[PDB]
Structures are given as structure tokens and as C-alpha cells.
Amino acid sequence: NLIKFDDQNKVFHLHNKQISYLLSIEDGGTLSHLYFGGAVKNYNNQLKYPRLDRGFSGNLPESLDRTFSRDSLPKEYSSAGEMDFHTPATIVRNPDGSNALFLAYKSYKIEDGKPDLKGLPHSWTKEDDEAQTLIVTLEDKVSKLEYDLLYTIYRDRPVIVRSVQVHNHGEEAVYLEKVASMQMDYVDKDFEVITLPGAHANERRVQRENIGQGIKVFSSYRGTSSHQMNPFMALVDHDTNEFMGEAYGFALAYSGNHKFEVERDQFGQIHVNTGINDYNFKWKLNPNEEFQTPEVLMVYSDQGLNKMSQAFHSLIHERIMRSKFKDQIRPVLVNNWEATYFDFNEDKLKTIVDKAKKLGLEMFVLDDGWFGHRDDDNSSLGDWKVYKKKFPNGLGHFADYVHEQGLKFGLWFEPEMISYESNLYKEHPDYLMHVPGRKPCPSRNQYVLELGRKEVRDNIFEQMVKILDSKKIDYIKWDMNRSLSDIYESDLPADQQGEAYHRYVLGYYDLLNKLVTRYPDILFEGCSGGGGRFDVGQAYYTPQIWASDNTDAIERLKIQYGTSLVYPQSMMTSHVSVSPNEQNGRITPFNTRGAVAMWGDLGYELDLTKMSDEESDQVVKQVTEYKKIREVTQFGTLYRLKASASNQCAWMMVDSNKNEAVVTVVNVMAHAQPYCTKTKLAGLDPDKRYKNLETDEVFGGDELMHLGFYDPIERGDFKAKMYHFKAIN
Amino acid sequence: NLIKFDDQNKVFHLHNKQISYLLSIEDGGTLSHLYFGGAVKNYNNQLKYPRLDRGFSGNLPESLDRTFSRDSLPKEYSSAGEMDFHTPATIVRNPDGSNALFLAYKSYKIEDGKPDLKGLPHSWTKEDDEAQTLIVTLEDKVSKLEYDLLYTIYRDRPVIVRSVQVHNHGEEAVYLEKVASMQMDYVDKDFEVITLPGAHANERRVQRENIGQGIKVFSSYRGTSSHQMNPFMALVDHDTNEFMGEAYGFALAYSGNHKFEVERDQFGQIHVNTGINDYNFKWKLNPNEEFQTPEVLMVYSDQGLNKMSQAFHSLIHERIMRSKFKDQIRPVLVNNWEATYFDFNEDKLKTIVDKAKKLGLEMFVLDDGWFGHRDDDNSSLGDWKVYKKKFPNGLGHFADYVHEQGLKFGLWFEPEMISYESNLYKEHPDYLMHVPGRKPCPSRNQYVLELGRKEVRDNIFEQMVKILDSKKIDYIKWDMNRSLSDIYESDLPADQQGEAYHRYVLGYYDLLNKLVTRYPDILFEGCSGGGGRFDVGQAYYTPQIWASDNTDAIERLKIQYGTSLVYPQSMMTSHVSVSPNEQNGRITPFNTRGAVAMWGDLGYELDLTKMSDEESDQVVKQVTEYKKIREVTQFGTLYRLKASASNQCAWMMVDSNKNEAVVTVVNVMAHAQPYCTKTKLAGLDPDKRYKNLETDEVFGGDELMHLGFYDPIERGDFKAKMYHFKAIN
Amino acid sequence: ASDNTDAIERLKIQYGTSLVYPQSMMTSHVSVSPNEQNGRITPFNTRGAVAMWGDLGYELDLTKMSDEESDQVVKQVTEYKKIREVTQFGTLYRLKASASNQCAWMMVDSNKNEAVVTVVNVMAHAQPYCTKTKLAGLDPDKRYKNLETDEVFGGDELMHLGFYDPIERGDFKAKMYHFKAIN
Amino acid sequence: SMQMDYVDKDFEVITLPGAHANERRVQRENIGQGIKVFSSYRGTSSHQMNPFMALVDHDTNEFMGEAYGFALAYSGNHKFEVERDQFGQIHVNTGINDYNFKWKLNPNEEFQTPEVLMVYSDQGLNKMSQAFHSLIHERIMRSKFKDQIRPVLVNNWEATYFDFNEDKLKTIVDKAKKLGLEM
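Residue numbers (PDB author numbering), protein chains in the order written: chain A, 4 to 732; chain B, 4 to 732; chain C, 550 to 732; chain D, 184 to 366.
Read the hints as simulated data drawn from the structure, not as lab findings.
Backbone N, C-alpha and C define an ideal beta-carbon position, used for all residues, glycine too.
The reader is advised that the hints may include incorrect statements.
A partial selection of chain D residues facing chain C, derived with a Cβ cut-off under 8 Å [to be verified]:
id, residue
1, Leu199
2, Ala254
3, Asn338
4, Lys353
5, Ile355
6, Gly363
Below, in silico cross-link-like pairs of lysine-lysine (BS3-like), each with a Cα-Cα straight-line distance of 30 Å or less [stated by the list, open to error]:
id, chain 1, residue 1, chain 2, residue 2
7, A, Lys147, A, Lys287
8, B, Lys475, B, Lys442
9, B, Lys442, B, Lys351
10, B, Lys51, C, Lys724
11, D, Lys329, C, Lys631
12, A, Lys144, B, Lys442
13, C, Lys683, B, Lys51
14, C, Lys631, B, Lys13
15, C, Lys613, B, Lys51
Chain B is faced by these chain D residues, among others (derived, beta-carbon under 8 Å) [said to hold, decoys possible]:
id, residue
16, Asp191
17, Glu212
18, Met247
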């Protein structure tokens, strides 16, 4: 069906209408990568790697053929100790102290659908016939280890999904010092690389570079996927842009330490690994045990980055996210954090609720400060019980009030964290993650829990169900405000402390899965001081994620633009916040804040009771208009049109039948002598006729995409305009 | 004089007329990097790092101050487990299984001269007073480790030399999983990075790149400094070129596995480590032991890359090389490898000696094939006794014949290597480096010796002195023709197998040092399939090195150009070889091979007896000319003028008093309609008057550097011209 | 120099004008905000600092200024009279071009005893990169007192080390420095 | 007014294009084969293209590298031509634009062109600019005021446009006086 093995020339071919993926069994049972790209009907050996004696690239054991080398062949995988000098995909530590591993082809099987990954988020299928998986097994006969390489192709997607499962069939333990989820080697490709670096309050700007000889590394070891480097990269041709050219995307489905490596070697070849970062990673694999890596989603586009991005959005939204809310319009909420910070009580919050109701908002979210005795960020983490001074009648009483006003109710937690000045720390001080005999380093004056221990998770779990069993909470904002610095797990032997990072993430997933599974009618929004854990693995549990603590309309342009490179727009949230902006002091028009916050799932995060009449009227109009378009903005096909470095940022959504489109154009710097700009649309049907619903003028889809229209000329920095088109009969 | 500590502001200042280097003791005893660059007389706290609370950049143990972080401060050093998220300079494994180290300032001392590095090559002083060394001690009071950071400054050079010595003052062992020789952090610099990648027969092309957010790694783990990536890196301004702009050069004095890391972080700062590669590196440091790293040479130029390169040339030549030959003109020799390969006997070689004498050559080097039963490269490594079939009366009989013809005699060895097909292997099979139980991988159908074992080194040492004590050998070419792939040392415990790479190099150095020390009157030429081990460390033992097995005049332009970026031209050798070229098939003029080969130390490597009469005449003239100019070409100050991607490559040497200059200009591709080009000189005295010794015309130095001269126009590819100027009274 | 009197677009106009023409040849006025030609909003102090690069003037209805703006004018005028000999006639060095997100320049009197430096930041950032400003045109062996802080630095320090620019929130912000050689 | 031909130079060209309310941004380009023309025929030297050009090495910046500056001393139509030819040589003309220029020169008459100032810097654009500043200020400008501090003036144009009378201007004058303005 989708996957065939030609036993004549030892070539595996994964194939659908859009893509072909070819790999083969070369000399020494070496698994060789041939091709990933546009579909071909057949293969006829034209990509067999040329034989050449290359100085200092050595050969297979006992071989006299100097023209074949594992140091030059493009491959599907690699290891330390096989006469390869590229950065290896896997590294094993053997009882004799060596790091040797020499993998050779053993067998394969082809099966329908794709197997569940134990303890990890993963992509899946609705019907078994919609995908197939190839599992190629390699073995080292001396250490008796077997590596299963998994490859999944979906029938209807330009996607290959890969991961690795290691098995110890020997009599002694080994340690896994590194296990990449995949490796891909290219020949005669002159790619550029695109990644999404950033910082707190500055996530995921698009960065794009040449690849020189050596290794470029994009990674995190913060215990999280991180603000500073998203687990994603794309390889593109020099000329690829948003609308044309080839692109290969690689998204790692994992929310902890990642490592993407892009190496160009001495023969001009590009070698790529992705998976769990090997930094302090050393997994003890006992006899008869197995280790499963997270998976990587790989997308090929033959036609620009929007098309690449759209394939990620569709896969994530349709075959990764489990939430019952994933296909449901998301509520327009007010969140009180920037509005009040810690300085509030119930009565203060009730006036905000009352104002939210008059403005037509749909949900009120209670943010940090409701619990323990949290008056500031120096205490109380670990004590998930209401702070009575602020809620004298309990939380249920406030929740009832919110519901009474026609609003849903949301609540913030930070389940992974603990403060010295908490009841939790006084009763269970060993729950705090640290190295015994060493003072731990603080970050935001708090510390991290040992989520690798069941007892620790059970305690936090029980605290939480005590609040959530009332079913008065409709939504949970799950936050996480520091990286891991003191890496240890107190109940493991010394020789297993290389497991602490990954066991932390497994425990996080386990606790999280337990809560979203127990409360399927709760909308969970992920958060980590903004977008510090914004990845495909997280999507599996939370259908939306706070993109950034930076709520400036202008800096949000670059953050939402970069985020959309991988993640569907319904997965990121965006709030209208006060001006001057609280993080950078920028002054922006209220209407621009609105229009930028409608790209993600719209909400409000400012003190609504302090808005002028004029601002309130604008909120009324924004919310009324958003309710009419949000099915299209939240779930339509997304096209990036213009990137902010150009002084304009523009994007649009089109519904799946191309009958309706919503376009936004934002101008950054004003100029006294402005150049005329045009905006051209994308993704319309050239033979439909579209009415501009503001002006009632009608335009062929062909006109909107080829002619476009003039952006209106106006004075003032930071101005936006929106357009709404609908196909007529 | 050169080093001061201000104990009130806690600032160390190393200073001479050219450079200043500033570092301070910051909060928490954190050693902070302030500045390295043009000299300043005083310092007044203006570079104190700004305090800002940065999200997810955590703080010191027990500190309430969030505006200071080891994750944002620029530093002299760093480690895993100190709340820093950059790639760490050092990583330690403790008995409790953790990788935590927390270093804090302990004390300093300032000494004259600089201390010897045990078991390693290093720079040194002739008079104590020409340099001073600052040693800053940092400690971790829990593990009781102490790290000594050494900083040496020479009075008359724009150089800082750095290394690290780790001491275990606790009661239990630790393991060192990484120990960088140096770290340097920069603020608000938008550098490009230059490196010297290549391949076998394609070494050290200049590569130049932008630095994006993430980590760029330039490294080797071939057990040698390598063909693929030289242990060198420079950081430069975007507008820096050969003649102007700032440049920072870093050369690691080490001939094993290296790793240069250049990270640009989330706050736009650039973070650099250099040292021994941490790949499979794990050094067990028992109580009361120490570990010394190789040193790094750092050069600052405020005026282009020529001036940076010249500071390295001068340091290497005057204060690193130890050979009695280092200041002596190098012989014009013939080497028979490309002339005959393996297919020769004594009588064939004698005709070549005879022709060499007629042509005025000064030395004959007997290359591979003279020993064991070496008829091809499938046997005999490890059997260093003459091959009686080829030398029926012994090696001394041939050596004597060479001397009778008035030439010196050189001999090739590959002391680090072993063939299965050898007496060495038959008698001592366990000398062969391999993981017990695993067939080793072959490369050039040979294997590596366990140089980490005294027994093994002594065996080879004794074989070699038996030949060399005859006093009949004036020169040794020391070759090494494959990388290390099966990494183990049979006499170490399993938990010390992470010492195998570094013990191998230490053993190599130990054997090499012993031999060069016993034979001060022998000229040693290093080699490793060409330039696979061309580094500052090797220079300490061998004053010249075979630059590449590529002997094509045109590809050698790029190899020699990139080589000269760090290494004095007297350290590289270059031979006129046959056309068509044996490696790439290019056809070049005999004159062009001559001119390109006089940049390095000139030699011939082709069957002299087969040359036409016209070529013999060219050789006679080349050799007669070279003897006149070679004091200037071999030891004069070097200036690169034009790089070959321009279609021209040009360079010149000027003697120390600027009275004599030799210039070479090579045109690569001809054109039917050629543009006129000019060549301008550099490094002359503008107020001297220089006679062109071919034409007798006289030009002011100012004219030669400002006006230059037209290059002659000719047809034909791959043509060269040389000029020789001398100052007149 | 231009009918455009926006402090921010004036950075590029004044920068390109100075490529050829002495600064005393161009005039620059403090004008109202929002700017009348492009609608940009800028701090009053930034308009002052950019308008002192050329020969300073005011072009706005002085009778409509708030008391706070009038005090700023009094202070701008008082400061400008002290320094204008150097800013109008000192040797001009451009230091930073606005596309870098900063525009900076400085004037040094003919004996290198006095210098006036201006640094203007265009876009604010939530997560700002530290920047330094290095001076040019000073005597490396003179010692120069910052007249605001009273701290003293060698000419060599000010040109090779420079100093950290202060980190502030808000778009379109300026800082000036006045150095004078001491005995 | 002049012509300059270069051999084996791989210059970039800097010019000062703009528009009304947007004059003299720095622009910097490669020179390909063909002719690049920078000019005015507005009867003035113009907002759109200042009569100035510099040729610089690729690595030249504000502080280092060679630069050649060419300023045409003329306030009418100019034309700067930078031609790179079929043999890689660079040919430059500067003078009065020839566009609808046709001057009848009778027997025994003469025609004098405006002059071009050419500056060579061996050390960056600041140094080039400083030489233009010094020449223009000391050897071109004739005005008695050229060496005198320039007055801090208020100009009423953006303050009132056309809508004023004397009484209104007098209130602005009074306020200007309180603020310490001089004209």
C-alpha cells in the first residue's frame, strides 16, 4: 500500500501522492538515506552513493574495499565506534567502559496505523487505513542491543514521522548517553537553515542562516523546550520564501531538553540529528528493558513556507491534540494579571467581572495570587488552597458569582513549583529538587518539585482535585515560571542521575495527562512565563498556550509570525493589554492592539474598569466583530503575507471551502513621505467572486491574488486595518 | 609591571603598550570578563555589567537580588550546575552522581615568566622578565576542587596565553567530563567567525560566517587536530580584512581532539569556549591529583588579519618551536614518494640522487617502502628494519652514497601504526588499539598502536634509535596515515576509558619529545597524510610540516593561504610535483609549480630522471634563485595581498629591517578580454628607495605601497610572476 | 535642512546631510508632537537633543506649551548656550546610524579639550540587548571629566572601552554627555 | 566640470537621494557594468538627489578604509555619472546636467563651469566629511556670521501657519523672551 520493500536492490519506498521517502540496505547492512521529497512512482538505483577512496574515511571491519565508508555514506542513523566522525545519532556506554556500538540491518516489519508511544505525547490515527509504519530493526551482535527505527507515512499528508526504540537483549546493563529520534543525510544540497530563537518576553523570531562546514547546534537544557530556542528547524533552498520553493520542516514532539544538530562535512554533505539533548543524559537500560524516544514530525513542501506550515497546523490540530475543545471556538476571556498583579481581593475582581459582562466577554480567569498567602511572588507555591484574606467566603462563592453573570470561570495553577515559605516545604522539604549537600539556586525566588517521584505528583494531584471536583472551574491556566538548575532525583542511585531531566518530563506528562483526562470538560491553556514550553508535545495535552508575556501589539507581530511557522493559530492566545505597554513602554492605538490579538485566540488583560468610555466602546465593537469572524480566524487556513522587518506585517485566514477570508495589515513606522504599498491575497479560488463586506465591492479571486489592492495611506505609527471577504452566488 | 590587581574594585588588569585585558571579581566570587583589546592606561569601573532582572535567568544561592545572574554576566569561565544555561567550560561528575560544580573566587598570585605545562607542548620565555603570569584560583567548597586559571602576557606582543589546572583537595575522586582551556564572553559585538575547515588533500580553506543565535561547533574527534577542522578560530568585525579592522585569533596548542564553541545567546552576547573536545572525555581525578589543559594563544590585532597572523608567526617561531633548526635555512630536498611510490629499489633511487646533485639539490629523503617487506600499503607498519630486497647491503650503504654525492639524507617513519601483516603484530598482537571482543575498523588497511602504554612506546623507541644512532640520518619525516576509531586502552580499568584519547596524545608527545631531545642535530618534519596534524602543539616538536598531499600548484594556493593565517611560512613545506597533477589531473606550467612551492620550504617530489631538458634547466634556475632569496622567503614577515577567489593569489615577505622584499603574483583563469590588474605592496618603509632587481628601476616604498604596478597581461591559465626588491643607499 | 521636523526621521536626514555639510550649516527646530508631517509621538527631550545637532530653534506655539514643557525649554536653552560653541563648530564624528536602532554623534573642539555626545534609541524592546557607545576624536593621553557624574576617564578609555548605554523602556529616547579635559 | 577614470578599483557608490520632507538618506550600492546616473533637472539642486557622490572600498565605514568624495558647487541642474565599462574600469563625470542644456558660444566668448570639490580620505567617511566641513566653512562661506554662534530662534510657521495677526505673534514673542530665546 503506502510502504513497499524491493528485495532485489534492498530499497524501502514510502510513497503517497505528495511525497516519496527512499532508504536502502547498503554494504555492511548499513541503512542509507536516499531521498525525501516529491513523490516518484518508481526507483531504479540511480541514487546509489558513488564509490571513492577518500583519505582518512576508513572502512567496515575486515573489509578490503576502501571506496565504501560509514564516514561518507549518507545514512538514516549512526553511532560512536563505527568509524564515522560526524556527530553520532546514538552513543552507548558498555560495561567494559567503551562507547562502542556497531549497528547492522537485522529485519523489518510493515504495519497499519502507528504504535502508541508509552508515557509520551505522539501523533495518532482515526482509521488504521489512513497510515502505515515501517519498523527497521538494527542490531549490534556483540552488545546484543537492537534499535527499532520507526517511520510513519499518512496517506493524505506530506509528512513522515520518525522515532526510535532501543531494546537490551543482553545479560548486562548498558547506558544510553544519547539517542536521537532521527537522522537525515543529504548530498549536493546548498540549504539555508531556519530556526526560532528568542528570550523571555521575546520568543520565536524567525532566524535564517547559511550552513558552513562544522556543526550548528540549536538546543535547550533548561528542563523545558524553552523561550530561547524552540524545538524546530527548517531546511530551505536559498530562494524559498512564503509562497514558493522547497522546504523541509522538523518539529520534535517533546517538552524537555532538545538538540537539533546541523552539520556540513568535509565532502559538502549535510547531516542532521534531532532528539533529546544528550547533555547530562545517561539512561540505564537493564536486560530486557526498552527505551522509547519522542517522535519528530517531518514535513516536505514543494511550494513555500506557508504550505509547509499549513501541513504542520493540520497534523497538530487533527491528529495530535486530544482535547474535546480542539474544534470548538475559544472564549473571549478577561485575565486579571496585568490588570491588578497581586494587589486585588474578591470585591475588586467582582467589579472587573461586572464590566466584562457589559462588554460581552465570555469568561473570567483568576490569575496568580488567589492561594496560600500569595501577596507577591516570594511565597506559597505548593499550597494550592484559597487565600482567605482575599476570598473571605471561599473560592466557590466567587466562582458562583462569575457564573451568575453569564461568564465561564478560569483558574491559574503552577503545579510544578515550590517556595521555601510554604506549608508544603515545611511538611515535605525533600520534595524540593536539589543536589543534597548543595544550596539550590533560586529563580523568581522559587524552586522546582521532584516530579520524577510518584509521591510528589500524588500530593499535588490530590490538592488540585480537591478544588476541581466541584466542577465550578471551566478552564485552567497551567503556568511554570523557571528553568531546572539543580539536577538530581533523590530516590535514584548515583549511577542513574543522568535520568533526572527526562524522568522529570515523563512525570510532568503523567501528572498533566491525569488531570486533563479526569476533567475532559475543562479547557486547559498551557503557559511558562509565556511561551517557554510551546511545542508539539504540549499540544497533545493543551489545545492553546499563552504565546508570550510580551503583550505589545508591535513586538507580538514577530512572536506570532514566528510561532505560526509551526503552530496553528488556535493554539496561541493573545490579549489586548494596556498602553503604554507594561513590558517595553511602547505607546500603541487601542485598535492595533485589538487587531493583533485577533490573530491568536482573543482575550483581554487590563483593568477594564479603568478604560475610558471610548476604549469600552472599542472593546464592545472588537468583541462583537470577533464573534462574527472567529470561526475563520481561529480555524481557517493561515497564510503569512508580509513580515514586519519590511515595515508591514500581514496575514489572513481562509475557510476550508475558500468562501470566506479575513485579512489583517499592520503598518509599523509612519513616514512623512510614504511609499504606496499594495497587499495581495493568497489561498482564494480564482473563479469565485468575493464581496468586501465593508465596502460591498466585489472582486474575482484572481484579482485579489494578482492585482491585490492599495493599503490606505495614514499618518501615525503602529496602525492596522482588517478586511472580511465572502464569496457571493 | 604588566599585571596589576586593584583590591578595592577587584579588577585584574594585564597591560602592555599594545593590549589590555581586564577581568573582575563580581558578586558571589564570580570571575567576570570585562575587555580584551587595544591598551588603556587606567580603568575606572565603566564596564560594570548592567543589572536587569531577566526572565528565567536565575540567581545566586540564597540571594534575593534578581538583577544579577550567572546566566547573563559575561565570564572568564563556567560550569554545569551554577544556574548558567550556555555551553559550560567545565563539567564534573561527583560520587553522588550529579554533574554539579559551583566555582567561586578564592585567591590569586602574580609570577614572572610562565610555568612549564607537564607532558604538553607550550610557549615559554628566554628571560623571565619578558612576561608575567596571573593565576586566579577558583574553588568549590563542597567538592573541594580548585581550578587555577592561568593568564600570561608578554611585554612586547599582542598576546594573552591561557590554560587551566584542576586540583582535587577532597577525599574522593571526581571525573572531569569537560575542561576548556579558556572561555571569553563579549557584549555588544556583531562578529563574523573565521575558521579553517577542509579535507584530506584539501586542507584549511578560509571560511567566514555570520554568527546566529545558537551554538556553532568547530571540532575534531579523530584523535588528531585533523584535516577537516584546524584547531583555530578568529572573530572579526564585518569590515575587517587583511589590512584593517579588529581581529581576535584563538589557536589551541594541542594535537589531539579539540572543540571550539561560539555561542550567541538570547541577549545578543557572544560566548566562546576552546579546549580538549569533551567527546568521550572523562578524566578520573583522584584525591590530591591535578589535571593540566593545553594552552590557547589569543591574539588581538587592531589592524587587519595580516597583523594578527604575523603576531602568531612571531610567537610560534620565537617562543614555542624548540628545534636547533628553527632559525636555519631549510634544505632544498627531493622526496621520492610521488616519483616512484612503492616501486623502487636502491639502484632506481641512486639515479635520482645523481640527477639531484646535478640540479644542485641539497638533500634526498627516502619516503615510504624502505622497511619490513613494504611493497604496498597493506603490510609492515611496526617493523622498522630495512627491507633487504630493496637495500641488499643495508640502509647505511645507501645513506653513505647520498652523502658521497654531497647531499644530506632523510628517512620516513610512521611510528604510531601497525599492520596485521607484520612481525610487530605477530609478536605483540595486544599492542593494537581495539575494544576487546570487537573487530577493529581498518583505515588504509592499517591500525593504531596503544601509545598510552610505556611498553608499546619503548618498543618503537628502541627500534628507531637502532637506526638513528648511526648518525647517518640528517632528517626524519614523521608520518601518521589514519584517524583513531576504536577507542580503548587495554591496561586501564573500565571507569578510565574516557582517558584513552588524551593518554594517546600524551604518549605521542612523550615518545616524540624523547626522540627530538636525543637527536638535536636531526631536522624533523611532521606529516599526517599531509596536514592532518598541523597545529601549534606539533610546532614545539617539529619546526616544519608537510602541508598537504595535494601538490597541485593551484589548489595549494588556497591551502597555503589558509595555513598562513596562523602558521609561519617556514613551518610549511611545498614541493614541485609532476603535471598533470597526480591528485586532481590539472595541467600547470612548470614555472607556476616552482613559484607556489617557494612560499613554503621548497622541495621537489617527482622523478627527476624523467624530466625534459627544458624542465631540468628550470629546476637549475629555480634552485639557484631560491638560494639567493630563501632567507627572506622562509623567515621574512609575511603579507597576504590577494586571495585566489579573486582569480589572483599574491603574497610577499619582507626582512626585519625592511631592506629586502620578495613578491609572488599568480593568475588562475585566463580571459580573452582581460581586465588590467594592479598589485600594491605592503610592509615597506615609505622613505626607503627599492630597486627592482630584474629591471633595475627604482621606486620609493611609498610608491610601491600606494601606486603599486600593473601585473603583466598574458594568455594561458595558471601563470606566475615573481619580483625581488632591495633598498639602495 | 527639511520641512520634516520629526526627531526620528530627522536622524537620517541630519546624518546624511553631515556626510558633506558642516553641522552649523543646517538648522533644526523643536516642533510639536504628534509630529505635523508624519503623526509620530516623541518625548519632548528627544526633540531637543536631535535639534541641537543642527543650529537649535523652536517652531511651535510657545504659548500652548504645558508648564512642564516650558521648563524643559528653559533648561534646553540654558544647556545649549553653554555647549553650542562645541556643537555648532566642533569637529563632527558620526558614531551610530539609525538603521542599527541607535543614532549617535559627537563634536570635539579643535584642541580636543571638550566633547558633546548624543545617543538616541529608536525602538524599545521588552528584552533589550546591552549596547555600548565608544567615543572618537579624543586625545588618548588626556583625562576627561564627565560633567554630569564628575567621574574622570582617559581618552584611551572613552575610545577603546566606551561606556554602557542606559537601559530604559519607551520608544525614541535620548541621552547627552558633556566631557571636559582636566588639568 | 571634471572627469575621473580608475583602473582595477571595485568601488561601491554612496549617494544622498530623498524626497520633500525626506532628504538625503545615505544610499550605498555596487557598481555594475553600464552607467548609473544621479541627477536633477528641477532647476534646483533638489530634494530628490543631492549633488554629491562618494566612491568607497567595500570595507570602508565611518572610521576606516578609502573614500573619494565629489561635491559639485552648483545650485541648479546637476548630473553625476558613474560608468563601469567593458574592461572593468570606472569612469566618472560631474557637472551641469546636459538635459536641455545648449549654450551658444560666440567667437571670442568663454564659458565657465561650476567647480567640483574632491576629497580623498585614507581613513573612513568621518575623516572625508571633516575635510568637506573644514573647506566649506573656512574657504567658501563668505558671510560675516559664519564664525559666530547662531541664535536660538522661534519661527512661527508650524505654530500658526497663515492664521495669525500681530497681537498673536506678540504673545509668542513675549513667551520667547521668558524662555530665553534670542530671535
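Hint check against the structure, violated hint numbers in rising order | The structure breaks hints 4, 8, 9, 14, 15, 17; every other hint is satisfied.
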